[PDB]
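2 protein chains.
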Amino acid sequence: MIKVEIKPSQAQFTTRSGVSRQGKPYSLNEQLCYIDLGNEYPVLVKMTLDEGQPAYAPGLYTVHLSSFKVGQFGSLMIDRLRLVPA
Amino acid sequence: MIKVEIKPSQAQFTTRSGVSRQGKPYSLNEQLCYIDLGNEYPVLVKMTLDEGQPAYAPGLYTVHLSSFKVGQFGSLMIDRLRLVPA
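Top to bottom, those sequences are chains A and A'. A prime marks a further copy of an entry chain.
Going by PDB author numbering, the residue at position 60 of the first sequence is 60; the numbering climbs one at a time, nothing skipped.
Going by PDB author numbering, the residue at position 13 of the second sequence is 13; the numbering climbs one at a time, nothing skipped.
It should be emphasised that the hints constitute simulated quantities derived from the structure, not laboratory data.
Treat each hint with caution, since some may be false.
Copies of the same chain look alike in the list, so a pair counts if it works inside one copy or between any two.
No more than 25 Å apart at the CA atoms, straight line, and that leaves these computed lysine to any residue pairs for SDA-like [stated by the list, open to error]:
id, residue 1, residue 2
1, 7, 56
2, 7, 74
3, 46, 78
4, 69, 41
Next up, chain A with everything else stripped away, as it sits in the complex:
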């Protein structure tokens, strides 16, 4: 299991916006977290949240299976990091 931590300082999201190729508006919410990838300290990682989802609260989380998909070259890829409480 991948250990992900949302620190007290990471409790908010920021929002970027713009317009798609054929006219539609979009908004993307982004939140930071720390993921332990087995180095000396956890590393900082940016997450784009799904529509209508609040920022995750501070605490410990692991990665949900829906984070993954098979890509166009047939290998596994991350679609978007989606989290569940530890």
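Add chain A' to chain A, keeping to what the hints say.
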């Protein structure tokens, strides 16, 4: 945990080859597996193995932490799927 299965029919790798941009030869070994992504049946996924590593034997496996890296846009990515026995 991601459940990965190497079936009896997937016990071998195939090898692709070629030459890099500035002259070096390369060989890449590829092996297939089934990964349970929570749909009605597991899906077929292609893996590129690391240098000097044999094909994984038939059986159940989970994903090692070294499979992941932070990408150039700061989000988590899969580098190469690396497995350990379940």
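Name the hints, by number, that the structure is in violation of.
none
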